[PDB]
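To begin, one chain is listed below as structure tokens, in the form deposited in one PDB entry.
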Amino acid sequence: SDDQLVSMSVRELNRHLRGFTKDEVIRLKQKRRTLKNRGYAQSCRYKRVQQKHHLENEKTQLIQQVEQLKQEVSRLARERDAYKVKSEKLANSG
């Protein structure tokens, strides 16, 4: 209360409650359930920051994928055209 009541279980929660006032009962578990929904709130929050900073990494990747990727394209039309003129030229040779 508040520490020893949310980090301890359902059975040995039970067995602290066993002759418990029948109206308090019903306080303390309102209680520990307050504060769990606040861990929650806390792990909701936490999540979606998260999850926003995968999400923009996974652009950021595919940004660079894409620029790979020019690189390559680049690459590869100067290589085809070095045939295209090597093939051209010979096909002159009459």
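Numbering follows the first chain given and starts at 1. What changes on going to the form deposited in another entry:
- Split into two rigid parts for the change between these two forms, the chain puts residue 34 and residue 63 in opposite parts.
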Second form
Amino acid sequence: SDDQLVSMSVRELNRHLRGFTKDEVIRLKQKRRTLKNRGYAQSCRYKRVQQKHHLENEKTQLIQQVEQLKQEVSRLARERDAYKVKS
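Taking the form deposited in one PDB entry as the starting point, write out the structure of the form deposited in another entry.
All you get below is the one chain by itself.
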């Protein structure tokens, strides 16, 4: 079965490929990789979405960090201005 093909032990599978011709063995060995690849690619898509968002979220954080540091610059500059004049 397709499902059973994807799911069995490295050994369990070998002990089940006995009667099948050698060229045929490879076809199903390729089928196992191909099938397993279908799974990996899916999981990769999810991960990529997570990674896309993460970078997006970093950017958000860096921007508010920029605002806040600018807001600090300005106030530290108000104090320097007022103290510069008295001095």
